[PDB]
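The chain below stands alone, shown as structure tokens; this is the form deposited in one PDB entry.
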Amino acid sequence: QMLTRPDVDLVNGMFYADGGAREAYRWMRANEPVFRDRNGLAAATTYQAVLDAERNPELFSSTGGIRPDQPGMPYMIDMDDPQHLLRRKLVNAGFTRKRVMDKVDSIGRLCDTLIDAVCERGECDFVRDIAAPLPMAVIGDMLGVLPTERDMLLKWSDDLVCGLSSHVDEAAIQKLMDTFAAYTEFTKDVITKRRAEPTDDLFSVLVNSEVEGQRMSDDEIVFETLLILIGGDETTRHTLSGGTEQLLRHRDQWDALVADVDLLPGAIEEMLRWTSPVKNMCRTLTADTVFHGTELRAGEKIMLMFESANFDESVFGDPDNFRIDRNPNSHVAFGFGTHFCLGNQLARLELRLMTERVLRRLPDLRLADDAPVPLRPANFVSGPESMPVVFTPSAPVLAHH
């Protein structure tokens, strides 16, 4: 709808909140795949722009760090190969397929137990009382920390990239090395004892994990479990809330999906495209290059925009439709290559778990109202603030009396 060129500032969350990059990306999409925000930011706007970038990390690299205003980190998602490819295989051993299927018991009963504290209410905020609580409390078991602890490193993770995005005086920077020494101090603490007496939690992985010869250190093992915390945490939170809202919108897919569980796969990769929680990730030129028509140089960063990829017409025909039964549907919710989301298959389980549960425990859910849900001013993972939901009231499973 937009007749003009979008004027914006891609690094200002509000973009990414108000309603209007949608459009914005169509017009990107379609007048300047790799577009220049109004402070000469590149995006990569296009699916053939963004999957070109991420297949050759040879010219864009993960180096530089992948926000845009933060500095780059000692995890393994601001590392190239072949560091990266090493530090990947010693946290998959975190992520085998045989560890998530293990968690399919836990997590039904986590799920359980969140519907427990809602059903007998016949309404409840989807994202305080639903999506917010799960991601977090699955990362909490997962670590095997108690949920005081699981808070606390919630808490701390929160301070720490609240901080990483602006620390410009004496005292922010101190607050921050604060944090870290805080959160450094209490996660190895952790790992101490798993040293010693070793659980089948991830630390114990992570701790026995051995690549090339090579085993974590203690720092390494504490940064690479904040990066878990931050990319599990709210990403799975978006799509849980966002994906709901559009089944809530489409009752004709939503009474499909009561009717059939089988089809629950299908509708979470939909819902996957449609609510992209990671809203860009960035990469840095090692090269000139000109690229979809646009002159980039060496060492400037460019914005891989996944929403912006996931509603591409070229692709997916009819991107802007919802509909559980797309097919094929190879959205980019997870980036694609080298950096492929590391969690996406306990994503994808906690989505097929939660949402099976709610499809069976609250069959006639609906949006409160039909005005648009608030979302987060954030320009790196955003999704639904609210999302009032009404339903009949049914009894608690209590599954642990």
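Positions refer to the first chain, counted from 1. Take the two forms, superpose them, and find the largest set of C-alpha atoms that agree within 1.5 Å; that set is the rigid core. First, how it differs from the form deposited in another entry.
- In a core superposition between these two forms, the Cα of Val207 is the only one among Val315, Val207, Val100, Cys119 shifting by 2 Å or more.
- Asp325: CA moves less than 2 Å between these two forms after rigid-core fitting.
- Superposed on the core, the two forms barely differ at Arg251: its CA moves less than 2 Å between these two forms.
- In a rigid-core overlay of the protein, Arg237 has its C-alpha displaced by under 2 Å between these two forms.
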The other form holds:
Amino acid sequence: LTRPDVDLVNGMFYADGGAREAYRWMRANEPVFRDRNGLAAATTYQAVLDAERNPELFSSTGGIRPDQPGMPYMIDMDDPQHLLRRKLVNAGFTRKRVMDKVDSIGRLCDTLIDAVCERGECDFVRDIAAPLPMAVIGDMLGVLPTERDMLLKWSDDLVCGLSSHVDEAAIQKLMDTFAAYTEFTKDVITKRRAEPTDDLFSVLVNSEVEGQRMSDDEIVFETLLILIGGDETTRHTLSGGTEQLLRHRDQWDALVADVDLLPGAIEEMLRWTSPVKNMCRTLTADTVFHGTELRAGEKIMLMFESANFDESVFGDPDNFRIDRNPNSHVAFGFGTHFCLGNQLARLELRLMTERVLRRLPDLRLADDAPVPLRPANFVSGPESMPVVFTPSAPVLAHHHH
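Which structure goes with the form deposited in another entry, now that we have seen the form deposited in one PDB entry?
There are no partners or other molecules in what follows, just the one chain.
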């Protein structure tokens, strides 16, 4: 009943378990909430949707993060400039192109589960949830298998440095990582200008914007956007979502018995986990918006998890239900910047989860104590997730490789 006293840039807010109740207060008492530093946040589903549908008033050019300026990639652009960029990568993400990866992504899933299935235990995050989407986006970007871990670690070091509570060492680590990734990209630019390939990094390297080659800086940021979108998101729905299924074993059981229930489960896994906690918009004019006066140039945080637990929309949002139908979550955002990879992400979730259900049917949490969350203010989900299961046979290994 007391107003939350919070810093929405503090990663701890998103990790310590108190967000859900804080959101509830906001949605009921101050839909457009200003935190203790005065940072405005849209907390109701309707307020998020209203902001999303009016990009003219709620611009993306100011920078998607609350404490950083606009950067040279598509998510920090408004149309038509934004669309110019989407058209450069869209062909790689058509539904047909995504569905043609079923066999490939399936083998990655089977490979990872092969690695642990005979053990009777693994960490669901480290061994399953994190590596699969990394490999998938890596494959699209031409990344070699032995370099996946390097890029994944870089990605982790960038998004974990996103918090007002981290020390100068973490910030330095963030800068050094970005410089390392920059040098990586410069090598790729030189190589793919001379020897273009069919992968997405090569396509971006040789792409054109407004009559000229995409700039070096823009190539760095566009490729990095795709990499992080790929490897710091789906992982949290896989881990956090599977956790909810294991904690609602009736629902786990229904899924093990009927895979036709999996698509509905995936949407609830998405709604619940809401990997992207927020995205910023920049007001282009003074306005009053759902009870709060906003000023031009100020940013507002679109609070997607808060929106995804809006009682007025979902009825019973605090119940995890794989039978939730319809399920109009905004885990992928809405409108202009609606997630490029959302179909890829849904496929990853489907192909991996169906294999887990199938090959590890008696999976369960190793302990029932809290699954720790990453204290970061942007993307966040489970840090680790010990699980146990009856050992089972590999599907690739022992069956002719």
